[PDB]
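With chain A fixed as given, assemble chains B and C with the ligands onto it according to the hints.
One letter stands for each residue in the lines below.
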Amino acid sequence: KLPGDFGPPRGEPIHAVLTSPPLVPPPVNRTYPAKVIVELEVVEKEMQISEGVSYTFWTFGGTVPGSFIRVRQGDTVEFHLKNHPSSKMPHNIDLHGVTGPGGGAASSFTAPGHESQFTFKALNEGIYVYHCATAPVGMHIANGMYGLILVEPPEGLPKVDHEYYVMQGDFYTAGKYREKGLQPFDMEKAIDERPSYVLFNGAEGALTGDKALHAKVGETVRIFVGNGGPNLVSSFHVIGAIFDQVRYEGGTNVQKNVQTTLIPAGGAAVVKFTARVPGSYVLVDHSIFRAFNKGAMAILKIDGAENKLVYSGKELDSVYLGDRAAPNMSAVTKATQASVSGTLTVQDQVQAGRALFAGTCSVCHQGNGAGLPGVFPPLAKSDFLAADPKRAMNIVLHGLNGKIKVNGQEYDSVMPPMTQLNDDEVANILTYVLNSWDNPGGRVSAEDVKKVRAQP
Amino acid sequence: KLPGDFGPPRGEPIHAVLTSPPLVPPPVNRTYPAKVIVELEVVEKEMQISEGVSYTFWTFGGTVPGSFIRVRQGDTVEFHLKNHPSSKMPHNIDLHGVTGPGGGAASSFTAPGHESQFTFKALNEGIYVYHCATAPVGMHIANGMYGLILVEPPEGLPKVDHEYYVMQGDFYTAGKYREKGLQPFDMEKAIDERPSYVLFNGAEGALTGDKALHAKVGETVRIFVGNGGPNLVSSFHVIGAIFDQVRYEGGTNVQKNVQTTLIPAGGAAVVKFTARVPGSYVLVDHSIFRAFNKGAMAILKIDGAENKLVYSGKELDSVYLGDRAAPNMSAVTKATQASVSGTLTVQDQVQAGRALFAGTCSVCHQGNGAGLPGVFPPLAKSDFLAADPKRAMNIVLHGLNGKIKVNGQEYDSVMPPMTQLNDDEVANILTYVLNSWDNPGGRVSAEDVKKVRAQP
Amino acid sequence: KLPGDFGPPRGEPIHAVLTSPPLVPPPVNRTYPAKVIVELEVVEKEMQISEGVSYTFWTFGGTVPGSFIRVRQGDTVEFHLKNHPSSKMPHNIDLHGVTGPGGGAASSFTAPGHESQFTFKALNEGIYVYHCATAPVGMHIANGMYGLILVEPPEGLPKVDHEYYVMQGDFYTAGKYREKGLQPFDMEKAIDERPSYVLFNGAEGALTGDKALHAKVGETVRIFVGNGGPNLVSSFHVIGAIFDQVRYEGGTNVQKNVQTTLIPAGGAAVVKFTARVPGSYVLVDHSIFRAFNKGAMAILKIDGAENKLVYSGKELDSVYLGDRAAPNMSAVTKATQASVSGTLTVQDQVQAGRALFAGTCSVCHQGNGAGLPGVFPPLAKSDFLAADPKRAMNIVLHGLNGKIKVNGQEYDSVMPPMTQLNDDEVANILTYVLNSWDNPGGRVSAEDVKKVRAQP
Ligand code: HEC
Ligand code: HEC
Ligand code: HEC
Ligand SMILES: [Cu+2]
Ligand SMILES: [Cu+2]
Ligand SMILES: [Cu+2]
Ligand SMILES: [Cu+2]
Ligand SMILES: [Cu+2]
Ligand SMILES: [Cu+2]
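Residue numbers (the working numbering), protein chains in the order written: chain A, 1 to 456; chain B, 1 to 456; chain C, 1 to 456.
Mixed in with the good hints, there may be bad ones.
[Unchecked claim] Calculated cross-link-like contacts (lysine-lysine; reagent style BS3-like; alpha-carbon spacing at most 30 Å):
| hint | chain 1 | residue 1 | chain 2 | residue 2 |
| --- | --- | --- | --- | --- |
| 1 | A | 88 | B | 403 |
| 2 | B | 159 | B | 256 |
| 3 | C | 159 | B | 1 |
| 4 | A | 405 | C | 88 |
| 5 | C | 451 | B | 189 |
| 6 | C | 45 | C | 256 |
| 7 | B | 211 | B | 45 |
| 8 | C | 256 | B | 256 |
| 9 | C | 451 | A | 176 |
Hint data in this document are derived by calculation from the structure and do not stem from the laboratory.
Isolated chain A (complex conformation):
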């Protein structure tokens, strides 16, 4: 027989349990093959890809990644795809692990306001990517149309304390990283494989701060990890920990005791972790500019007792987590809304600036602006700043080097340029600095920075 030769469906039909990221449906917990009815709906919708940055996502079930599907090897799946009448595009679905043309795409073409159905037997056990396969296929995937389906072995996977759902994607906006507003899809960047954002679960901060994943010392954690692409291959890594097991798709090979593992575009793996020490453990794409310049960081936060014989040291994790160490950056979202409304206050700028200053400026000038005498000059009550507060704009954009004096002390060092910061970010950061630590006050506007950036 073929694989998954376990007998005809038995019992009543089961209406499948779909879940939203980062959660997973429960184990099916049964010893017989069933007829499973799956109902999934496409919705096109604006969501925030970053604070104050909107994007028109195309979604399976209202989220990126799409709703998680869970069935048993040998089940017969009757798949119903609906396309909501508000959609502008037609859509379909290709499930990896399906035995048949297009993995379903050939049979699931669905116009706005319509519904399609096709039936397949789940012959192949494993974790699998699904995605839209409507021309132009790359545009549909780039807009968020991907998720995971798990096909369990007949005895089920081994029990663990937590199961989570994490999926990487590369995204292509017309504007640069953190440029505010509604950002269109950019076909030219996509063809060139030059993404502006690389994310877990559809947004910067989706899994950081108050949205981190949780477990306790001693517990086991399984993560179902997808790479929707469309184009990038992930050097997938956990900072400060190790994977007990890594298994790709439905493969017979299992790797154990590794920290860094390559996930193909369109690939999926199951990883297992055992919590040993408290703190924040970071999932990244270790093609490092993705993790630290484009959004590709997620957090598993572990609580419980210290083990000083295993790890003993201070805990200053803002040095690398930067502006994602805090619970959120909601002050930036709020300042951006107020600016669009024409109601932006000095305090709106101050609080947005405070959020952005973490990492970006604090690593050298300190969280309190004091710096370090002779090494990093102070921003707190800075005579150099007060002497020409406008020159601060050029210093942020283009850097500063050479001999200077600040609060009666000599410095001869190098502050690198930070031209990648957007006009609103520079304005908000400097407004924060002017209104803290007994500095003179006032404000800097995005338009002020735009003028300075444009000077030859």
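What follows is chains B and C with the ligands alone, placed relative to chain A:
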């Protein structure tokens, strides 16, 4: 002893059987080591990389990839490399799996009109890439100078019903994707790893349509899969199927039951597939813009009985295969030749347009131009089109959104821009539309589109 | 218990042995767990990244990669990080394989002139990357802040004849490849993952020529191979040889008998090789333009007896090693220093030109300039050259094709353009040619070439 320690060559010398892609030489079918004489000739030649697009390829044996070589572990190989007198460049060969300096490159330097020879023992069993290694090495490989050599284990590989030869490459043209004419090699794009085409077996459509690979339900298929690069790593994937086995080079590890697998630049693998359901199964690089925007798709077509218990559904595979669902796009080749000759007719444009309309326009407007009332407006007998047929050029190039009325019906939707289409493609598509479904007729020229594209 | 549960530290504390690339510390050779004290110092310093090209590296222990650390599974490590007072930036360390927040980064933040300490138990056996994790993390890694730590199994690794240390990195300069002078870090190229150099051990030629690694026929060689990134994934390959074993990090899986293997960004592997035939064996990133256009080549040179039954052929390895076949390119370094001083002589140019002519020109015109009658025209005593020595600049920059006559002989062929060469390189090469083989003499300057390059 070393590996492959099977004794001295015995019997008469064997003159090796070389084959052209996508075919493989027969199994050697012998139990003793032999002296094998290999004769391979370099030829530089123009071929079509895409319909109406010519390129000067550099080849081993007249094809891209080059002729397939098949020997037994423990054989002594006497390798003769000839460089045809029509060649402009010198050439050589590096075979992966050879034990010695440059894998042969050090001993096989050959000027136009000359011949070289060197001898090696095949110590290492496996599938291996060979390629040119003449400075500048990257240029030689980018021009097509790569292929595969199989070194069999002494007992031979297990029997299968079919063996095929498929090799990925990245290519660098001065012009953009599908821009017509003789296209030079582009060194700047190559250094930046920004290819214009990513292909199987040296051309768009090399393995699609009437050139697809074949098998029947129940049969086993082995594919020898190479990645010549020069630069890209393939997220190699089969749509709608699974690999029974994947084995890299001569490695001891074998992965089983996977659908997606990473092939390094310069790497090679042997994959095995068992046919279960009829239809078209697609080999792709799942870095998806390569597969659907740059040519990286090949087809295995399976015939035999349906199995409705495994897969039951409609078969509209043009939604993702697009303009490669048809047997070929020969109308485009012909229209391009006629244009170069100054003899391009309206009907030449109509038939080229018909070929290009599949996927590109048909996914929303339908194959018959009827659209879908209230959702996608008709192109068939379109009053909006007839009212200003020239405005159609701007609509294709730059998109259309907002409220419009077409054949007495309101629409308020979004047609994305399609600026990547070349001037001849837009002209031919629109000429097809004007001369179908009782539209007014006439024609649009490439020069008309060039003028509109250049407007601010 | 956890892993590495071998008992409390015993004996006196051990002060750890650190080594500079390409060497490794000795095996620890002990049967008990110890307290190991590690002292490592950050130094920021200018070094030559290529001949006549300086770069400001940020280093662990004065080298790129940083000092190699070697401990035993179950050891307690007391880690002291110092930042030299000459540093301008703060720094820290993340060791892969550490169980705890940031792999240490959270506890090791260290300002210029300061020292930090933290303690960890080495629970996980394997080879692991360490690196700086100070915001902006990508800039710190791109500047050279990475190395390897080995955690031995309790019984030690199997004995071999040689152990070596090789680490790949991608680098981002404002200037182009081989443009002379002090080159700043380029943030824009880094974000886009578009490196100007891709190197082993921090420089072009670090492991070629007189700096090659050595072994003899019959000996075993272990290489500890890292990929510091920040961004690239290596298609890591040995030309003309095979790896007996490849093992990633501390993984349970071991691959055997492969030639090409994918190393993730931030990944590390241990490879094993047995020398079988004399000659130069080349370690490369087989994303080929990295190996042959950006510096990603290193050499293992094997001495001993020939084995003509395994490999029999000539040895012209300059056809692919090009300008790295020679012991060094010190003439280029010297010509660049003299030019900066205003003391550049004709002979300085001649010797720099001689070094650069290897591969670049010699593959077609020969090492003696004679060419090949009717196929490649001579540069030796060339009447065509003497007739208009200035036209030689355009020929190098923009190529030459069509019918020409040279020393009473007809040619109708194609010399590709070589625009990637810098102004000093073209000037030096042509000065070499003018002063060899009874050509007229004189000189060409970098300023002459700059003027010609700028002509429309
Ligand atoms: C990596 C270190 C570093 C980072 C990050 C950094 N700075 Fe600086 N900054 C310096 C150094 C060093 C100087 C002194 C330059 C000199 O000696 O010529 C400086 C000088 C300045 C000055 C002028 C002198 C003074 O004390 O008033 C201002 C204002 C300033 N920085 C603001 C900022 C702001 C705002 C940020 C973040 C957006 C930032 N800096 C990020 C190192 C840094
Ligand atoms: C993804 C959907 C989609 C694709 C693909 C697409 N179109 Fe359209 N097209 C539309 C929609 C929707 C409109 C109506 C726009 C509006 O409501 O403002 C439209 C409008 C038009 C119109 C003007 C209205 C009419 O019916 O005459 C023309 C002409 C047209 N398309 C031609 C084409 C051609 C030719 C192609 C391919 C080259 C193409 N379209 C591809 C969705 C699409
Ligand atoms: C791949 C082959 C190749 C390489 C590499 C190459 N050349 Fe040439 N070169 C030629 C050919 C062929 C011609 C003749 C062109 C023709 O027939 O129109 C030529 C012509 C010339 C000429 C003019 C004719 C003569 O003999 O005086 C000069 C000068 C020259 N090359 C110099 C160089 C220099 C200097 C280099 C390296 C920097 C170089 N070439 C690299 C193939 C090459
Ligand atoms: Cu879709
Ligand atoms: Cu897919
Ligand atoms: Cu060649
Ligand atoms: Cu190779
Ligand atoms: Cu650092
Ligand atoms: Cu790391």
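Hint check results:
1. A/88 - B/403: Holds - the C-alpha atoms of residue 403 of chain B and residue 88 of chain A are around 13 Å apart, at most 30 Å.
2. B/159 - B/256: Measuring from Cα to Cα gives roughly 18 Å; hence the hint holds.
3. C/159 - B/1: OK: residue 159 of chain C and residue 1 of chain B at ~20 Å, within 30 Å.
4. A/405 - C/88: The hint holds at about 16 Å.
5. C/451 - B/189: With a Cα-Cα distance of about 25 Å, the restraint between residue 451 of chain C and residue 189 of chain B holds, given a limit of 30 Å.
6. C/45 - C/256: Not satisfied, since the Cα-Cα distance of roughly 40 Å exceeds 30 Å.
7. B/211 - B/45: 22 Å, holds
8. C/256 - B/256: OK: residue 256 of chain C and residue 256 of chain B at ~17 Å, within 30 Å.
9. C/451 - A/176: Distance ~37 Å between residue 451 of chain C and residue 176 of chain A Cα, so the pair is violated.
Consistency with the previously given hints fails for numbers 6 and 9, ordered from lowest to highest.
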